[PDB]
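Student: As a plain string of letters, each chain reads:
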Amino acid sequence: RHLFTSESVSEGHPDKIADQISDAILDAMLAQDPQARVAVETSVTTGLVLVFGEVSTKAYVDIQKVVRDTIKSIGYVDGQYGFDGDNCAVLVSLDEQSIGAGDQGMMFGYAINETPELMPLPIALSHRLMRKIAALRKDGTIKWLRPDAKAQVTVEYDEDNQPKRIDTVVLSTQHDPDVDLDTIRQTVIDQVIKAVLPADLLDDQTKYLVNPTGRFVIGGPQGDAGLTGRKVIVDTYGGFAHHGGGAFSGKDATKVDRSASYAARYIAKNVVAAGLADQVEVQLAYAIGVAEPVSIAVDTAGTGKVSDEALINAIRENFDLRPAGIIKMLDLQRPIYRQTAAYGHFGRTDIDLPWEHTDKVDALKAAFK
Amino acid sequence: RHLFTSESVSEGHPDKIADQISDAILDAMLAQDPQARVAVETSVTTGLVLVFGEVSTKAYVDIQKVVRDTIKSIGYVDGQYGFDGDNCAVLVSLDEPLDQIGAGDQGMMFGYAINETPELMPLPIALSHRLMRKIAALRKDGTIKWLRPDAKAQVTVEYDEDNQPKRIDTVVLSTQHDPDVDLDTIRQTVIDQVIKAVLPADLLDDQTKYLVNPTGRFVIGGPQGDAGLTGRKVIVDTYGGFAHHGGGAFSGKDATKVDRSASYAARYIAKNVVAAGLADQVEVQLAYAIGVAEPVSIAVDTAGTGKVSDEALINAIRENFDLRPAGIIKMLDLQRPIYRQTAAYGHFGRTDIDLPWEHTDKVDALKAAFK
Amino acid sequence: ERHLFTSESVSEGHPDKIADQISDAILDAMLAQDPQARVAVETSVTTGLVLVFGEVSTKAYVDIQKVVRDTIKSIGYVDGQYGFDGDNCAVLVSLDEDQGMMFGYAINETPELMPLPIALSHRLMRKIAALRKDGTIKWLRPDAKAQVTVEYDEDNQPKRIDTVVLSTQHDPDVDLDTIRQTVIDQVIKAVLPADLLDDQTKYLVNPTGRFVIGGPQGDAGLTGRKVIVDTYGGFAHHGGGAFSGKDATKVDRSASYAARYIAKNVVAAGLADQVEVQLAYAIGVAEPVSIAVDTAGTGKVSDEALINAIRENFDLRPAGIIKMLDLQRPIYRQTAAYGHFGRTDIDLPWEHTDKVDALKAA
Amino acid sequence: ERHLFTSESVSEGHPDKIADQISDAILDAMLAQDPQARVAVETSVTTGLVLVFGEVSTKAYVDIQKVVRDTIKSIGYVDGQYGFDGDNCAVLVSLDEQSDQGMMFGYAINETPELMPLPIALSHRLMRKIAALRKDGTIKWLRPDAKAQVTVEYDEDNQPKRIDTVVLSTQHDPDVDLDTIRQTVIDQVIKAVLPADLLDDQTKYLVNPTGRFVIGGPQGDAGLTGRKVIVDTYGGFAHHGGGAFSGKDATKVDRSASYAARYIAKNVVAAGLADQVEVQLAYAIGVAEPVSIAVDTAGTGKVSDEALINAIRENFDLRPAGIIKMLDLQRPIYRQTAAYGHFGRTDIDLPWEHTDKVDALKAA
Ligand SMILES: Nc1ncnc2c1ncn2[C@@H]1O[C@H](COP(=O)(O)OP(=O)(O)NP(=O)(O)O)[C@@H](O)[C@H]1O
Ligand SMILES: Nc1ncnc2c1ncn2[C@@H]1O[C@H](COP(=O)(O)OP(=O)(O)NP(=O)(O)O)[C@@H](O)[C@H]1O
Ligand SMILES: [K+]
Ligand SMILES: [K+]
Ligand SMILES: [K+]
Ligand SMILES: [Mg+2]
Ligand SMILES: [Mg+2]
Ligand SMILES: [Mg+2]
Ligand SMILES: [Mg+2]
Ligand SMILES: [Mg+2]
Ligand SMILES: [Mg+2]
Ligand SMILES: [Mg+2]
Ligand SMILES: [Mg+2]
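Heads up: the protein sequence lines correspond to chains D, C, B and A, in order.
Under the entry's author numbering, the residues of the first sequence are numbered 4 to 101, 125 to 395, in order.
Under the entry's author numbering, the residues of the second sequence are numbered 4 to 99, 121 to 395, in order.
Under the entry's author numbering, the residues of the third sequence are numbered 3 to 99, 129 to 393, in order.
Under the entry's author numbering, the residues of the fourth sequence are numbered 3 to 101, 129 to 393, in order.
Worth flagging that the hints you see were computed from the coordinates, not collected in a lab.
The beta-carbon is built from N, C-alpha and C at its ideal position, and this holds for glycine as well.
Some hints here could point you the wrong way.
Taking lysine-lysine and the DSS-like style, the derived pairs with C-alpha atoms no more than 30 Å apart in a straight line are [claimed, not checked]:
(1) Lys68/C to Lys75/A
(2) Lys190/B to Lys331/A
(3) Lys169/A to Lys190/A
(4) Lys68/B to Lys68/C
(5) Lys233/B to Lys281/A
Covered stretches of chain B, going by a simulated chain A footprint (3 or more residues, C-beta under 8 Å) [what the hints assert, rightly or not]:
(6) 42–52
(7) 60–74
(8) 269–277
Whenever a hint applies, use it, and build me the whole structure from the sequences.
Tutor: Below you can see the structure in the form of structure tokens.
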């Protein structure tokens with residue numbers, strides 16, 4: 004029985020709090036200094052936010068205000084949650100310091139026509155569940171919802187490895203303590219899960235598990251811990267793709283780890299959007315102090331409507347893949363990163379990310395003329 | 004040109020300092036309480052070690068002593084380096121059949137093995153690990169007294185049309201050193217006593233690029249200029265990006281965490297399959313459901329190197345491995361202090377230490393399943 | 003020119019007192035299992051944070067996190083609406099493994144033989160706290176402060192009470208007029224002696240106004256930054272140690288307790304109306320090398336003769352003081368708020384007047 | 003019975019003084035750009051750690067990390083030798099952004142030219158000398174952390190009769206034996222600073238009686254802002270309202286009125302209106318002027334107490350705002366006070382140590 008599970012987490016999850024803080028600080032600095040170099044880790048545990056890293060910028064930023072404001076947007080805005088943007092400890096250890127690649131790295135991109143956003147079905151549905159739960163909290167539709175939430179979607183795959191059905195949805199949400207489990211369960215199933223899962227993939231055997239922990243009143247960093255870059259699979263493709271092993275949040279586009287991974291997605295997505303494959307993993311190899319990627323591999327899983335060598339050729343001709351090139355190409359020296367630090371860097375329908383534009387379709391179509 | 008790069012890092016790298024501390028605390032507790040539940044993150048920056056997490060144990064452990072002792076073994080001792088086990092800040096924020125123990129995460133875990141190396145690991149990650157382990161051994165036995173703990177290796181292997189390892193294209197190796205040694209000496213010494221001591225001669229040619237400390241001088245390192253966190257070397261810890269990920273991290277977690285135990289089990293499978301000659305390579309894929317001991321689903325990718333059916337191989341695995349969380353713990357004897365040693369130079373492919381999930385003692389069981 | 007003198011006291015809830023009580027709660031925890039425990043434990047508290055740091059040497063097993071969080075809960079920080087909570091705040095722990132002057136003071140201004148300003152300040156903070164904790168006033172929150180200005184006559188006798196300033200943390204659902212009338216009636220008028228009050232006595236309750244979030248939230252607190260509050264409200268001189276976080280091995284603490292024990296017994300015996308006792312220790316000499324005494328000419332006896340009675344009736348060696356006052360017991364958390372001296376509400380050995388007959392007889 | 007009195011001072015290197023200097027270095031940094039800067043900055047220091055925390059409200063842009071690490075380097079913790087280092091130690095920062130019915134006491138006494146009690150003054154002079162000798166490189170084996178305790182013997186009339194005991198403990202490189210440490214401190218520090226006319230063959234000199242002392246600063250110990258208040262003031266000769274100075278801008282009457290109280294005491298005694306005086310200021314909530322001024326001359330008054338209080342009300346602006354203008358306190362002048370005493374300073378120029386109100390008081 005071919006079953007595959009992917010997870011996503013809300014803005015409220017401690018690991019995502021860390022990622023959003025790291026990227027909020029990045030935005031704050033790019034907002035004043037497009038040239039800002041940034042390398043900012045965040046750690047969060049019971050009542051604590053430690054920010055630490057190197058930075059090099061002309062920008063003047065009140066880190067405390069950025070951290071506390073980020074935590075408030077997420078929804079931690081009164082002490083009944085245990086965690087509060089105004090009342091939590093914030094400790095800061097920042098150093099201040101004011125082409126060609128710096129890492130001998132591998133970066134991977136992926137796309138697949140399983141969903142309109144060209145993402146695998148499990149990660150895409152997980153993301154849509156966390157984004158819906160969050161929207162329902164924030165617009166005030168469900169007043170008892172608290173920030174921290176998690177979804178795991180198990181999809182059952184065919185003989186052809188096509189998505190046959192949805193086997194299990196696990197969804198856990200933080201809530202006000204004045205709401206009983208039966209209400210939380212019925213409400214999530216009805217207004218979150220059944221609002222987002224396509225009806226044609228559900229049957230009477232689909233398992234819906236809401237808050238299997240039971241009550242979940244105190245959350246965020248309170249019982250738990252959270253760190254920058256511990257939701258890499260959530261951040262990318264839910265484990266459909268390979269990894270060079272950087273993490274994104276807290277890093278400016280100077281970091282090819284981040285910029286080439288965005289570029290790799292841009293390629294994969296345009297290839298599949300153009301119909302040149304049903305799925306493709308793009309593999310970029312950089313050498314230290316060589317701008318151009320030293321090597322480009324491509325895996326279509328034999329869904330390629332074109333040669334592998336011919337596809338690699340189209341990509342070398344229509345994408346600038348030098349670190350500097352990618353920055354100009356995707357316009358990455360702008361404060362666009364806080365919004366990526368929850369609900370996935372890839373497959374985003376709710377916000378406009380440059381590497382999700384399908385504006386290289388005509389360029390690629392034309393390359394076979 | 005089909006090129007593929009993997010990195011490994013020394014005990015001295017800040018991310019690995021974090022991983023070793025988290026797992027040193029785990030060992031300390033298992034050493035007194037095999038039943039110890041542990042979830043311990045570590046963060047390290049300039050002169051600082053923050054330890055934080057949940058724990059539940061009958062053990063009495065001096066966390067400060069464990070952290071400072073771990074940092075000293077790594078080699079940060081007697082105040083030379085700017086990071087020191089005796090002199091650094093340490094802050095601690097700690098909270099306080122075999123069927124019916126089912127899984128807690130609705131997770132995916134992956135295992136991998138490939139006959140590219142005797143340890144049955146991909147060539148890039150394996151060589152990277154061997155370089156960091158050699159540099160470390162040479163420091164610690166005192167063969168090269170000017171070496172400092174923090175070091176990094178990136179090995180680029182060139183693959184032919186059939187994706188077989190053709191040659192070694194580039195080795196990048198950066199090491200921390202005493203400031204009284206010039207770059208030319210560092211470079212010639214690393215090339216001769218580390219790289220040429222470890223890279224198989226038959227994969228080297230006059231076009232192999234050796235870049236040692238391409239940044240230049242590297243005197244202050246560890247957490248000093250940098251930052252390090254538990255579970256930010258997951259690719260280093262596993263298969264150098266040859267395999268897929270459910271997205272746990274290992275260090276700081278007791279074997280109660282199926283994220284860790286099933287990943288160990290998945291390697292044990294993959295390695296025994298390939299060791300038995302039932303494939304040249306296999307990725308093993310385990311799917312667990314919340315509160316179901318048995319994996320709900322097992323997939324297997326041989327890349328058409330399978331000497332046996334996929335359905336028949338999955339069958340042999342279900343018959344010869346206990347894959348219940350509790351089962352894996354008994355099977356691999358995981359309630360022992362065996363984890364500090366995994367937190368640098370890879371969890372997989374280890375020839376220098378004895379890890380249960382690296383034993384090839386299920387070969388005859390699997391061979392026998394096809395006669 | 004009006005001879006006015008002001009002293010302040012602060013509640014368990016004040017951030018500096020939170021620090022002092024945590025440091026001393028950890029000390030008690032260890033003495034409770036190991037009377038020989040050596041302890042030197044500083045605490046710092048700011049927005050949502052408690053850093054504990056210091057040296058310790060003990061056979062005791064103590065969960066520091068549990069001690070810190072339990073201390074903070076007793077103080078009354080027990081739900082997140084206060085901003086500060088024993089369950090939800092950050093707790094960081096950094097625990098490793129004198130040629131001095133000390134001063135004592137006593138004065139017959141109050142039955143406890145303390146200066147009137149510090150004594151009244153302490154009684155106000157102790158009453159406000161009792162009223163919160165027994166649930167008499169449900170809208171009170173932990174953090175509170177009192178400043179009592181006493182007017183002194185010619186002869187420097189307490190003539191009247193000029194001003195009482197009292198500021199308390201409260202639930203936000205209670206109006207200022209209610210807070211003021213309630214504190215005046217159930218705290219101030221319950222504690223200030225009527226014979227020292229007149230129609231000119233100024234009562235200022237929460238002159239800042241509303242005060243809903245407090246403790247370490249807006250502020251900062253450190254171990255040993257309420258030394259004047261802890262002692263005699265500025266009537267006395269200081270060698271300049273602080274008490275909380277230190278076992279009785281620290282002569283800074285033990286000799287200061289001993290100095291009070293002397294002063295109090297001298298004045299209780301009627302040998303003076305007031306006395307400051309001054310103890311000088313030399314490094315590696317058990318006995319104090321020198322004892323001075325200032326009666327402010329209220330001495331019923333010679334200074335040299337009084338010093339003589341003290342040398343004859345008190346063991347003043349560090350070891351001696353520990354045995355004499357039985358100081359290797361967990362009795363210190365109690366002292367870390369509402370004053371080390373003049374305590375009628377708890378039993379401290381250095382407040383016993385059991386050496387009166389010994390000094391009368393001399 | 004022998005009337006003996008001991009005061010201590012500590013070096014820049016002592017952990018409590020490291021905390022005080024960091025808190026005041028941050029204050030200076032902000033006043034340097036914003037004279038109007040409101041500041042309330044605590045520092046804590048333990049093994050390899052500096053936590054900075056407090057409220058602040060300023061137009062100034064300050065790299066706190068750079069200020070902390072630079073302060074620690076001046077103190078002498080500079081090249082990874084000592085186990086505490088300005089470049090290698092942890093620095094954590096928790097600063098919030100916002101852009129008293131008190132007693133304060135002053136004291137002066139003609140026991141020393143600076144008009145300070147002899148014990149605290151001599152203690153300060155020993156720590157300042159030990160520090161100068163380290164920093165100018167005269168004694169290369171000295172390390173930052175050091176402590177002095179001076180016991181003075183007093184007469185029946187409480188006049189300084191002699192110096193009974195000097196205790197001085199210094200941190201040192203481990204390659205130097207105790208006999209060298211002792212002879213060097215006695216010769217180049219103690220005998221360089223103690224007035225010969227107060228020494229006799231009974232004067233006890235104890236140098237490093239503890240023994241070896243190679244690791245110090247915050248390493249084995251802990252240090253906090255405002256735990257050297259007696260050292261910072263008058264060595265226990267005076268009374269205390271119970272503020273601490275370092276980390277606080279002059280907006281804090283705790284600090285500004287204490288400076289003002291010293292300014293008064295010193296000018297009174299400098300004018301010869303008394304041999305010693307303790308000045309006592311009482312402030313009431315919402316009254317700029319001190320509500321009450323007491324004065325204790327210990328019967329050394331050459332004038333009435335009521336007449337002296339009158340001269341003080343007529344010649345000093347004692348309103349919080351008044352004191353700031355009077356002593357020009359909205360300037361970066363505070364880092365220098367955070368070691369070797371706020372009062373009696375001969376080596377630096379502090380406004381509250383000027384004796385420029387003598388003629389005003391003489392004339393009254
Ligand atoms: N001047 C230098 N020259 C060379 N190497 C250095 C220098 N300074 C630091 N390093 C090393 O480079 C490391 C950073 O590499 P890396 O492993 O990428 O860091 P990371 O903090 O784990 N981030 P990332 O891999 O991008 O997700 C440091 O931890 C040191 O090991
Ligand atoms: N004490 C708790 N009570 C209730 N729910 C909790 C508690 N602790 C954790 N959780 C929930 O479980 C989540 C942690 O699970 P997970 O997403 O695996 O995070 P992680 O362990 O921080 N990261 P990783 O190891 O990289 O997979 C929390 O964010 C909550 O959703
Ligand atoms: K966690
Ligand atoms: K880093
Ligand atoms: K101290
Ligand atoms: Mg985590
Ligand atoms: Mg990287
Ligand atoms: Mg890192
Ligand atoms: Mg998980
Ligand atoms: Mg304070
Ligand atoms: Mg002292
Ligand atoms: Mg101390
Ligand atoms: Mg005050």
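Student: Mind listing which of the numbered hints don't hold for this structure, in increasing order?
Tutor: 3, 7
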